[PDB]
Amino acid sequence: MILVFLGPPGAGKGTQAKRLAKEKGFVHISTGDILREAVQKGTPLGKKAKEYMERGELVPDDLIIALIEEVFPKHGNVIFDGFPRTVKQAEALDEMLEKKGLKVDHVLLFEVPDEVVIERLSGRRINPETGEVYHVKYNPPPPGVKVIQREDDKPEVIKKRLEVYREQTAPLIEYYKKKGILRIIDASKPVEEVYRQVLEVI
């Protein structure tokens, strides 16, 4: 079966993805990985994707689709983690899948209140003399170790970032809602209870 896992950063969706992959025997797919490998190996699509990045352009959607179609497991059990990102990608993904007589079975939307995402992300502190990460609330640094707060983790910026995430994702969500395949997960819950919801929907 094929699953898509979507959610903003801070939602913990990849932890859920990796556990399910391990227990059930899915291939976990991050498009970042497949792209990086193709570009490094210098395959024909790897080379084409590369020219685009060098110019300052996004890699076109049909290229990412073709990269996925290349390394796609024969058994057809995969979890897409954070992809598609747009409606356009969703349409092209659907198209290449049905070319194999396969479909997306479930899309899991990991929902979590803005308030909680801000607390998770904004709380982060970095030792710039190692790069070792801490959290003012969850895992405080020793009083004494020098730590900073990345500009990006300021509540202002994160707020902006969720707003952009929603603008981009709303139409994706609606597209999957229209097909009757969107399952809502309450990701505000303890990790074991989130995993319970995922198992329930599948």
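Positions refer to the first chain, counted from 1. For clarity, a rigid core is taken as the largest C-alpha set superposing within 1.5 Å between two forms. Compared with the form deposited in another entry:
Once you line up the core between these two forms, the Cα of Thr86 stays within less than 2 Å of where it was. Superposed on the core, the two forms barely differ at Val107: its CA moves less than 2 Å between these two forms. Superposition on the rigid core between these two forms places the CA atom of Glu95 less than 2 Å from its counterpart.
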The other form holds:
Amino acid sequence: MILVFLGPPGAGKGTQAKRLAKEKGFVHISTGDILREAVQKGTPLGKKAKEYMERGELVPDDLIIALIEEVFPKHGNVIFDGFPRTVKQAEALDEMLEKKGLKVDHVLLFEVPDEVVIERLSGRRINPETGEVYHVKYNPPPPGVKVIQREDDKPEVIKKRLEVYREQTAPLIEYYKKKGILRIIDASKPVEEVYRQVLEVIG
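Instead of the form deposited in one PDB entry shown above, give the structure for the form deposited in another entry, please.
We keep it simple here and write out only the one chain, dropping partners and molecules.
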């Protein structure tokens, strides 16, 4: 089965997806994670993407659409996490799945207010050795463990990513609600609670 996790940055989409992949064996496709690997490796995608990312802008559709083609697994259930981000991306995803006799089964919309997303992101910390994600207030790193804060988690960039989310990504809500596959999630709640609600949604 094929899920899309949709919603603003910091809503908790990655936290839930990684949890789901791990416990239920979903294939977790994180375009954010994939892109950062590429940038850090200086691949051609990496080198081109870098500037858009640093600046809180969207990497161009064609690049991302091709990236998805590359990583989409022949078998397994799939969580799309951070893709699609635009209407053009969603149209292309539909056609790709189609050629494979597949489709998007559920779009989960992680609803959470602007106020909450700023607190989630500004406090997001990463363990660079394992890539485990933490938060200063809600799930603090173990003492003596070194962690970084991502550049795009800075206030100015956060502001721009929110803006980008509202302009380009938010119209996906109506796009999927149209298909009758959009389920709403209350992403404001604690992790365990948001998680139980994700499980109930997907049966």
